[PDB]
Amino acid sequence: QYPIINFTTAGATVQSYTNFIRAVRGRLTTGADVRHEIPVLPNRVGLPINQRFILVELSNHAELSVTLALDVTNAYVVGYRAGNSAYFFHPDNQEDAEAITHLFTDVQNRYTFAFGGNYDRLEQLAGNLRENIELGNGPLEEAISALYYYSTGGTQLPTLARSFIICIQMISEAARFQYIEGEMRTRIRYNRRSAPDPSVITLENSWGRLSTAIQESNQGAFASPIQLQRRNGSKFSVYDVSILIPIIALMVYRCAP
């Protein structure tokens, strides 16, 4: 049975959330592959199927619980179980399709959405960009209930897509970027719910390119600059791994060392 990490929004603190994200990172990768001080997720080539996934069980005040499945090679949310039903994003290719049949094998009902979990499509379905979907403990609390009641018929599709956007950012992206974990910590500490600003969005949009630039860097320098936005949306370019070491927590395997 795949490793399970638990988190509850009920009585959640900055510390309980940080403990959660750190536990997720610890199950995504051994951390034995470190490039320029930044740990790398396992290479998909050579990774046996019984180590492909981790499970994140989320609970809230209503004692509703859902279990997200994360692919350890990229930390992304592949699908989730609620009760006797599992739901999966549409796979890109038949290899991803085969992998997810190893998830929630005893579940009674398995549903595959027609759409993938990419941000553009989710924002279309939710009817809102990430810039207009508030994040925080409250939103996560409401996302958990929405995911749960999808299986009973009480969650409509736009609400479901919004809830994925919230879960993916507060779990997957926070796992990938300690900056994003810091952004979620700040919201918890100031009892705030608020959408991500461009500094969060451009990081989320650039994880793969940042991981490539770092792993292919020489003497700390990128082959070509990567452009990000500040909080005010103004653009700036990163040329050096040193700027990103306090920002990125995990990289996808892009190259060998």
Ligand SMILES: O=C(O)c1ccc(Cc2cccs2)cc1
Contents of the next structure:
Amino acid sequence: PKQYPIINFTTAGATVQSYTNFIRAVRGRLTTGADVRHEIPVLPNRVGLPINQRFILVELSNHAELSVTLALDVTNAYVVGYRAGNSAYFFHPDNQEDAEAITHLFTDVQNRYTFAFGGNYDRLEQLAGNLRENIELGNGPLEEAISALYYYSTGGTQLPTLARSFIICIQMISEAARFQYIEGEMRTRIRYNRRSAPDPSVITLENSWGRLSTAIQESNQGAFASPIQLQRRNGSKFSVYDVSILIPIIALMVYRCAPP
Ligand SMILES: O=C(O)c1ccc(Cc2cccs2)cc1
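Show the other one: the form solved in complex with this ligand, since we just had the form solved without this ligand.
Full assembly next; the chain just shown is listed first.
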């Protein structure tokens, strides 16, 4: 339709309800082409997906009324790049096909840049000089991340702050879309007007998203080949035998194959 779907969100006067509707809307657009036949939605297969269905845009704004737009890949719900003003910035794609795909984003803009680095946490934590466990999430942090992303395009933001801001945005949007549990953790932060880094329960879920997507889609009648290990709020390890307990926790999965 000329442009990809746009969801708007603002930190200005943000409430639990407004964040909830925002995440609801993002999931909606992510799952237009999803396989919703089983207990957990499966995002469209990367292979053969027409380019006009490949991305969604998330436009973020704050009290300062600065605006940036993130591009998310519908196949994994992950941020691939963003726009601020007349410039767009992309994470380093892993292959030639992904590199072609992003040429279809933000075609309007004068200035296009591809970072040397990918958008995985390991690398972003390195650039930020900060682990996820010491980077606070909440409305306040998201407000500041929006400003920092905007001012990267004017020379006002240094790369470590940019990376820290991506880590914030990805967790509060992509991971909240992927995980009802993480969305809920954000709702609590918004309710009580607090900012705090994610505990190990949030972090291991984020790290386990691909593995969980795999174990679930390769399960025998919903029971797992081998158990997957997660962490509680206090760091203690437990394991999960079957999908039952994960249906309320994971909202979307990356396409995975299945056995012979
Ligand atoms: O006991 C806890 O603190 C705890 C246990 C499990 C999780 C992850 C899940 C929450 C609901 C189902 S699995 C988080 C925190």
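We call the rigid core whatever largest set of C-alpha positions still superposes within 1.5 Å between the two forms. Numbering follows the first chain given and starts at 1.
**OP:** Please name the single residue among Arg192, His61, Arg209, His36 whose Cα shifts by at least 2 Å between these two forms after core superposition.
**Re:** Per the superposition, the moving residue is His36.
Original post:
Where the rigid core has been superposed, how far does the Cα of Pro139 end up moving between these two forms, given in Å?
Top reply: Comparing between these two forms after core fitting, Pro139 shifts 0.2 Å at its C-alpha.
Original post:
If you line up the core, how far does the Cα of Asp240 move between these two forms, in Å?
Top reply: Spelling it out: core superposed, C-alpha of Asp240 shifted, distance 1.1 Å.
Subject >> Value in Å for the CA shift of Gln219 between these two forms, taken after the core is superposed >> reply: C-alpha shift for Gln219: 2.7 Å.
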